[PDB]
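J.: Residues per chain, in single letters:
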Amino acid sequence: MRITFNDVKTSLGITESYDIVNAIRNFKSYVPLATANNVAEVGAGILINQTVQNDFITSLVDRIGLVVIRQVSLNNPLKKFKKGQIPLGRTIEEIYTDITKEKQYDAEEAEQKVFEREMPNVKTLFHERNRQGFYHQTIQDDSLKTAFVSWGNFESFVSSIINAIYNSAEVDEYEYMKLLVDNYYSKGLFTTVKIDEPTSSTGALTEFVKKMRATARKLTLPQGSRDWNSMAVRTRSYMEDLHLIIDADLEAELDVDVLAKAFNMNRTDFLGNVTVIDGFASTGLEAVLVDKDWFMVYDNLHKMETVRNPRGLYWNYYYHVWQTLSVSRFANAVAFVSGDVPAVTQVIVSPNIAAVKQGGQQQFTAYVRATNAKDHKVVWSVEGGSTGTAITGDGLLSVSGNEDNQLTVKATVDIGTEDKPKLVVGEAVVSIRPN
Amino acid sequence: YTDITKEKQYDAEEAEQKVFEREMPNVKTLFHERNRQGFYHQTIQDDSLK
Amino acid sequence: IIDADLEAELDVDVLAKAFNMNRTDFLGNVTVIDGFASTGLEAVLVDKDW
Amino acid sequence: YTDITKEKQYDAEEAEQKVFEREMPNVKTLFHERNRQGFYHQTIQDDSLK
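Read top to bottom, the protein sequences are chains AK, AU, AS and K.
With the authors' numbering applied, the first sequence covers 1 to 25, 31 to 440.
Position one of the second sequence corresponds to residue 101 (the authors' numbering), numbered consecutively onward.
Position one of the third sequence corresponds to residue 250 (the authors' numbering), numbered consecutively onward.
Position one of the fourth sequence corresponds to residue 101 (the authors' numbering), numbered consecutively onward.
Rather than coming from a laboratory, the hints here were simulated on the basis of the structure.
Treat the hints with care, since some could be wrong.
Stated by the list, open to error - Below, computed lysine to any residue pairings styled on SDA-like, alpha-carbon distance capped at 20 Å:
hint, chain 1, residue 1, chain 2, residue 2
1, AU, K108, AK, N377
2, AU, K106, AK, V57
3, AK, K216, AK, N377
4, AK, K150, AK, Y18
5, AK, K215, AK, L259
6, AK, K183, AU, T105
As the list claims (entries may be wrong) - Pair by pair, the computed Cβ-Cβ distance ranges are:
hint, chain 1, residue 1, chain 2, residue 2, range
7, AK, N188, K, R134, 29 to 37 Å
8, AK, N188, AU, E114, 43 to 51 Å
9, AK, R241, K, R134, 32 to 40 Å
Unchecked claim - One-sided and incomplete, this derived list gives chain AU residues near chain AK with beta-carbon spacing under 8 Å:
hint, residue
10, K118
11, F120
12, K128
Idealized CB from N, CA, C, for every residue including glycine.
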């Protein structure tokens with residue numbers, strides 16, 4: 001947020017003053038082409054007439070500012086979530102191959118079936134969120150005339166015209182990240198861990214620290230857990246790839262050490278794996294622990310445009326940044342809430358979307374994200390409406406012949422009482438193909 | 101000093117009505133200064149030059 | 250070779266101080282699994298060439 | 101596909117505040133999908149056909 005001439009001098013392949021503006025570029034016989042100590046001559050050449058003045062200021066602002074801001078935005082502390090331009094044909098579809106055990110080697114078993122497929126790749130759709138905005142600013146003719154006294158004034162002017170846009174964009178990036186985290190939590194796709202007001206006392210603080218350490222150790226199990234993630238798909242995470250987004254008050258109450266001792270890092274390599282924000286503004290969310298690949302951001306474009314007001318003798322330059330943010334549905338993501346969260350958070354059906362023939366069968370299993378140690382019972386419903394289309398209590402659904410309608414399997418859990426105005430359901434879309 | 105602000109949402113319908121608009125004043129202020137001027141001075145003898 | 254729950258309960262330090270290593274070269278000599286499923290087996294300490 | 105537009109009357113006095121007004125084009129779109137997948141199967145038992 002304190003960009004100086006050193007940053008632009010490193011971003012560009014030039015030293016101090018330059019004539020690349022009048023190299024790209031009649032303009033030739035108006036300004037001297039020397040880069041000597043003289044500044045009055047170049048100032049007079051620039052300010053001789055409005056056409057040359059406007060052309061020079063447009064080239065400078067647009068090209069130089071765009072290059073510098075694009076180069077400096079790619080090296081901010083939160084640059085590990087930043088990707089390049091969006092690839093062509095991304096198809097917004099995410100495919101994950103579920104990991105399973107091996108099949109025993111048996112010639113008698115192998116000789117009967119050799120062309121048989123294995124299993125569907127449990128496809129899903131990306132969770133997207135796009136942003137597009139502008140900042141814009143103004144520069145006066147007075148503080149362009151009073152900028153050619155010395156070569157230091159020119160670089161101070163350039164740094165001043167870049168700094169405002171850069172700092173505003175950098176500040177807004179954190180707010181957009183917090184908004185994305187809030188939206189994901191409100192969607193209910195996190196896996197929840199209950200804590201009890203870590204800042205209330207000292208025992209709550211150490212209990213929260215121990216719970217975080219246990220959660221990280223369970224996440225980084227080499228064999229896989231499947232207990233986390235918005236869909237139970239048996240993925241495994243890394244001790245060195247987990248990222249923590251924590252509340253400002255919570256991190257202020259906590260210390261740099263012991264928090265890093267819970268992980269395997271030691272302060273220096275841990276401060277780069279934690280993000281600090283002032284309040285989550287979502288019920289009682291305290292700190293969110295996600296995988297490194299959970300959150301990504303692509304940039305559609307960055308553009309800078311200048312216009313001139315001749316009646317008022319000034320310029321307005323607008324900086325437009327358009328980019329999209331995507332959170333993956335397969336990476337691990339833990340909410341760590343301290344509130345009045347229900348006993349059951351979400352129920353997930355493993356087969357997800359499936360296709361079956363007119364007289365086939367399918368097995369659906371359900372995983373319930375229970376925040377307590379009590380076991381819950383799941384009831385199965387078919388909705389739809391037909392003859393012979395019913396699903397057993399263990400999740401086996403057989404499709405009767407002569408069927409045309411599209412049906413959805415539902416798994417329901419009840420955590421209420423005699424009056425139960427609270428239902429949590431999981432939906433699986435089943436398609437039918439004629440046989 | 102230029103104050104840090106949020107970003108305006110992209111809206112062509114609102115943009116086409118106003119394009120020469122300025123942004124904000126730059127909250128000018130003056131420095132708090134204090135000037136120091138003094139001397140110390142010392143003497144050297146001819147004996148401790150010989 | 251230690252159970253996952255026991256490894257989580259134990260801190261990374263002192264366990265390494267029991268040996269002569271210090272964390273960085275100690276995590277390379279420990280394997281963590283989830284459950285042994287053998288009565289009351291907790292952790293097994295073996296030679297490298299075992 | 102893009103379609104034709106309308107005509108407006110020249111008005112210099114009203115042109116001084118409607119420079120950046122927008123008149124979106126008439127654009128229509130259509131989609132076509134792949135809808136045939138078949139195969140023909142035959143067998144040749146030439147050794148017995150001889």
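J.: Please list, smallest to largest, the hint numbers that this structure does not respect.
T.: 1, 2, 8, 10, 12
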